[PDB]
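Single-structure report; data block below.
The complex is shown incomplete by one protein chain, all other protein chains being positioned as in the whole.
Naming follows writing order (A, B, C, D and E), and every chain is counted from residue 1.
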Amino acid sequence: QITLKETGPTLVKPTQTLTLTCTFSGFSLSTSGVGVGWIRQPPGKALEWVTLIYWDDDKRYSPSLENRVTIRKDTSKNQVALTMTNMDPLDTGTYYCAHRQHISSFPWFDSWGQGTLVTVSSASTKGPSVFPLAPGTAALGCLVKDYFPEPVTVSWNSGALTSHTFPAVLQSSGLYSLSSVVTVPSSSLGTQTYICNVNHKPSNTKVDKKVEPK
Amino acid sequence: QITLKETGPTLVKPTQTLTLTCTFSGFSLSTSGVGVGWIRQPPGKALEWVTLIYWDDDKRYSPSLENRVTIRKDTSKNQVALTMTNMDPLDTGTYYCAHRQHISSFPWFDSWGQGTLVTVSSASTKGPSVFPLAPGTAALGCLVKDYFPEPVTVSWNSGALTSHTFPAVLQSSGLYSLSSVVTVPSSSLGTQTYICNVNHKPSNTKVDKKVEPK
Amino acid sequence: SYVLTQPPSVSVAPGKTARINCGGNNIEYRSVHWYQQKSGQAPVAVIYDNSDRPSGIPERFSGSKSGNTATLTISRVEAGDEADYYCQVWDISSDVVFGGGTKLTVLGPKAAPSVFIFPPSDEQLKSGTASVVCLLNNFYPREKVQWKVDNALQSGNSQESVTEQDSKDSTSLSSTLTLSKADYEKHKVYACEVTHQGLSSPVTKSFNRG
Amino acid sequence: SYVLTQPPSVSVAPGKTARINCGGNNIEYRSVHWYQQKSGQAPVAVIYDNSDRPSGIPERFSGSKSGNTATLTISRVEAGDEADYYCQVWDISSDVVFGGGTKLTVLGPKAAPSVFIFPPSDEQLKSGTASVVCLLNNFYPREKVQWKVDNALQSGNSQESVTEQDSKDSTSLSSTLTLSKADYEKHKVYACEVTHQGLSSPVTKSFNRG
Amino acid sequence: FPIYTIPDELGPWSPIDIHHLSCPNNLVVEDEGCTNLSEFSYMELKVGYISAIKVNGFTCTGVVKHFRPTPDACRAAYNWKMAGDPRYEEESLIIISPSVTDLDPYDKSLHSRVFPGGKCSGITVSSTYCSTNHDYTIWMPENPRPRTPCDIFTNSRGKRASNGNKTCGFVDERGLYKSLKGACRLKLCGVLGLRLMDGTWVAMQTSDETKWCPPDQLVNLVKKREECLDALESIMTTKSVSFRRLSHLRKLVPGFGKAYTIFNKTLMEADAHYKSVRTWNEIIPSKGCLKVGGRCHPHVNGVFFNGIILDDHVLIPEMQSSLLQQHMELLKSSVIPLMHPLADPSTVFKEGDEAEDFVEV
Partner (left out) sequence: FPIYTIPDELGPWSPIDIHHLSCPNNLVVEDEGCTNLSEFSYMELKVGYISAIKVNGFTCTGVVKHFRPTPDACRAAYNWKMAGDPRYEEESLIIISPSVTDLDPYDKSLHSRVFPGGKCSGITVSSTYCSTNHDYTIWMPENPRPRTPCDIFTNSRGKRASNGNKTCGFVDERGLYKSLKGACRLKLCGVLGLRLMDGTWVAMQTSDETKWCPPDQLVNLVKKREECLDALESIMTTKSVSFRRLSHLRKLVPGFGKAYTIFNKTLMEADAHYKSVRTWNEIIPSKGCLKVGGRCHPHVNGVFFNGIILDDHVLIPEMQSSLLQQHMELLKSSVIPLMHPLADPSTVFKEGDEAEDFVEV
């Protein structure tokens, strides 16, 4: 049926301009009753409508957000653009792009792109620092701290190891850190050596780290 | 005045043929009373006459040696050749080439080339093994053992060291060994490091060795 | 600003019917919309215009309204329709306003967590910033991690990450302490307290500097 | 074979006259020749035809004969005309025969040797052939080095090298023992005995395996 | 001793475990006065059959919780596991490949630690399955009916050496003197050859009588022999191996020998003819290139054989532990730097016209 594709800069610096583009197939932005919205949801927080534009270049705006957002239509391309000025870090979130149902009088979104992940942070791309988290089973892990451009790929013994990589929380310094951990036979400790393979493609910092008990 | 120059193979294998060439300026092998001899002296042992040839291609021979030596004249080149068959190791020695005084009735050599050092040994060219000889003065040294083609150049701390390298004695295995030793301040031991630079050009085996007390 | 309320965290009996209220000024005259958002997914509309269902939403979901408080009732609850449920309406204030979500929780089985602690590496005690780590795994329900640095409570200074429901079990998390290398060299007792339902006693694994 | 005798090692009083005899059959009728050979140099003729001197040999050297025993006398001896002195004659047997040399020794001052010993390297006790070294220096006269391996005499098994008269002093040598690595691991007392004129007592520096 | 020994020719790899390992034979024999050399042709065991004649099989066991399994129904599931289509569904027979076993020259029995007594008499038309230590577990071969391999030799041309009318050693096509001293007769494919050194199996055309090999030995700085056995004992206690302790099992002198390596947590061995290496450069000439058999050797996820691994840089365990000791040493070398006399804090001056000890005249 209908499909909507958000595109844009995954990452934008605070006080810069963000500009995203929903591209959409199933329907007609040139009809007399449809509209294309943006709803954004900061991670773990509740949905927040951001803007809507209708077939007659009427541009609805969330009141909280009106002074920064700028919405635009082109229905020759089947594209809507969303343009937010003076990016603030709280604006980090997923930006969904949605289709407003056109028969129904009060507005509601039936179609919703799997939305894009906008992250507004001020950090130069910096590689990770990868520290070891040493140990009828025991457990060991890697601590990848202070990586900035997420994501980080932690492999274990060359991904030859099969059994919990964690998500990243934004630190007090606008940098990210995530930690990967494995359960091995308690007997292999001090006999089978364990090395985690960490790659921060952003800075193409590749580092492997040997993790053993004291 | 007269000058005589031995030339030939410094080294010959036992049971091979040795052939040496005395070349000589001051005098006339084409006169009617002169002759050109060979006297050889094994190292540290007494002189031993070997052959003599006179202006009339008369070839005197030492009786002990006649069955192997072969002497020859060419006075067109001012050269005499000495040719010894079936080289035996005892024949190692210096081969002097001398001029027989031509007025004097009983034969005696007035002129004598600084003679050549014939060494008849069966060993393939093999580099040295350089061992350390560790320690109001104390003394330390290098032991260069089992070098075959003599000579060996022992330098000390890059010949930056200034104060007894020894000659080589033929071992029980037809190989040579020589040892170089230095007197340093007894206080420098364990503070100034001492390295001997040994080069066996024959096998271009260069080896430097650190010599310190235990 | 306009606002319409819906409770956080309703809790249901699996296989029973559930009921979430959305209430806001003059809902009797606007029409109210209802969205299910499963974890990490984009929202899907479950009912619209008060009581209508999309072409593929099961009859179990329903919605109806009385007065200025509308409500979607999920009859015969399964465990997969456990999600954030948002309601939404038009106002004068904005065109579309969303109730802050309601987390339906379906329940019923109680697990327990294994507690490993990880001191800061000698690599990180050479940076000046140590970091202590407390990893729990396999617990369910999901909800309390304290830090005893020289037996003394440490609050306001850690962060926490987690993974979600495991593909098989449904039970995980990572606690992280930040001292300075002088705060590490000056306290000896280093512990991690833990509180959960299957736990009959508050768990703590401790370590000293050596 | 023909042979003519001359003594090894005549010894002179420096500044006195010296006399070496060469004697062989019928020397009264052949004529006899005399050669000085300084260390490492090729021989130089000093007198020929019994009593004649080369153009540059000093009148000090002379030679004369009586009966079948000829002799060169070096009057007013210096220390530099200290050398091997060969005599030489024609025979029927060969054209030229040399007396085995006579070593003139000029004397008079007595030194003493310093004795360092050097065990075999751990590099050489890994080959299986150890080697022990005894280095003496600065002695004069030049002439006896024994080896005490577990206090027991060791003969027939060492070799020896030396340098010559030093440019300044005139005084040096290297003794070398060859055991096998089982003969090294099985004896403890490892010594070097030394005998010289300035020595009032026979010197020995000993070492054990450690 | 050469600085290193590298293979010149390396057979196929075979899976083995830590028990199959064993220190190398490093023996070398000169032949003295063996210098009449005559050009000649002869045969030789093809690399990969020299150490032994492997013969692959598999392990079929039974479950449903154990039952003794049936061969054709096991054989059935070998073929399945070959594609794993109706295999992983599964009354269940569980199959493990490959079970390398060795072929006994004398009784054509198969050896393997799996077998009771470590032997099987053999598989034949009527005996289709060997029995193992485990009751509900059998062994069958890759083949339905295995056949003694007889295409196992190479043709070769060396020069042979004879001190007298009798001959003593030869120089193989790779140039290395092999002495017939110590060799016994060994009957391969109805040919009577000499096992020479490390199993070197040659067959001449000229036949002199010689002692035979006993039916017991028939399958598979002397300090270094004990430096190595320590590594093996070090391995077996831990039941764990390291590339460092791997590089000790290398034949230290040129001639036949096994080479070892490890792929994807799987230990492997292979036949190899070692060549002495005069300088580290001749085997490592490039950044990631290991010259062996005149080309650059392929690596499996950065692992070459004999502990040699791969920063994108070929590191040799014996090479690395040298440069580190070589370099480290020069870096620790010392000096007394010159100091001016008058430049010292504490230089006591002796009063009077007594001239100090500046001996520069």
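Couple of notes before you dig in:
The working rule: a residue touches a chain if its C-beta (ideal position, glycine included) is under 8 Å from a C-beta of that chain, and two chains touch if they have at least 3 such contacts.
Remark: the omitted chain is touched by one listed residue; of E:120, E:188 or E:267 this is E:267. Checked against the hidden chain, the listed residues A:170, A:195 or A:207 yield one contact partner: A:195. The missing chain, though absent from the display, is touched by one residue of E:6, E:74 or E:114; that residue is E:114. Only one of the listed residues, E:5, E:14, E:132 or E:179, touches the absent chain: E:132.
Mapped onto subunit B, the footprint of the missing chain covers residues 158, 160, 191-192.
Listed for subunit A, the residues touching the missing chain in the whole complex are 188, 191-193, 195, 210.
For subunit E, the residues touching the absent chain in the complete assembly are 17-19, 59, 61, 63, 65-67, 92, 94, 96, 99, 112-114, 132-135, 137, 238-244, 262, 265-267, 307, 309, 311, 315, 317, 320-321, 323-324, 326-328, 330-345, 347, 349, 353-356, 358, 360-361.
The rule is short, and it goes like this: only the chains that are shown with their structure count from here on.
Of the two chain pairs considered here, A-C and A-E, the higher C-beta contact count falls to A-C. One simple way to say how far apart two chains are is to compare their mean CA positions; for subunit A and subunit D this gives 96 Å.
Averaged Cα coordinates give subunit A a centre that lies 86 Å from the centre of subunit B.
Subunit B and subunit D, compared by their mean Cα positions, are separated by 19 Å. Multi-chain contact residues of subunit D (touching two or more other chains) are absent.
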